[PDB]
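The chain below stands alone and is given in structure tokens; this is the form deposited without its partner chain.
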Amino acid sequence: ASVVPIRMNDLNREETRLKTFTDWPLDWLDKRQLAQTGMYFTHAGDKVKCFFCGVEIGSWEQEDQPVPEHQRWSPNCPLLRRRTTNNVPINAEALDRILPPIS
């Protein structure tokens, strides 16, 4: 993935993030786990935007993955970085699993 340089929506909620994803073009890139890893769909092309670090990201290659992309381009992301956020995750255990360790 390349990066795009620099109701009411509670886009801190994963459910709602997930809402944004109903006109989402890329059927092989799993919007669910995109929307769980911080991102909401801007609607423009294939470009998503992270609520927590403001990273933007489009041009998804057919073997890319959501977290590693998210990490590559903005690795100091509060959410990825397992800082305190206001994220409200559908399934807290699901989030934990799919976030970079720190073993």
The other form holds:
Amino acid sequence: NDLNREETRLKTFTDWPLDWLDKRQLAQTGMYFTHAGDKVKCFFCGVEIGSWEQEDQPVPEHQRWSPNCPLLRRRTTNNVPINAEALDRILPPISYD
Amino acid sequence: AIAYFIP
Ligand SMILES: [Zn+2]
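For comparison with the form deposited without its partner chain, please write out the form solved in complex with its partner chain.
Now the complete complex, all chains and molecules, led by this one.
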């Protein structure tokens, strides 16, 4: 029962400080809560992002600091989504950068 | 946001 599962990542978000930033979308896109401030870490690429500003979005910020993330790049990973269609809907559209 | 760690 690892963080490769969206369900497990979502449960790490206990005591999430940001009411305006969606923990569900963060967990859905690879993030788990580190429990240090508002810092989250991606289980697939390892990027850690914190000190979020109200203009920041889950996927764009993730893509901004980690352009080659396997999950965001739509490569094969061991991720287990709660809802596959919802994940496909939120991941960055395909494109060769 | 700030990246506390970049791959
Ligand atoms: Zn990532």
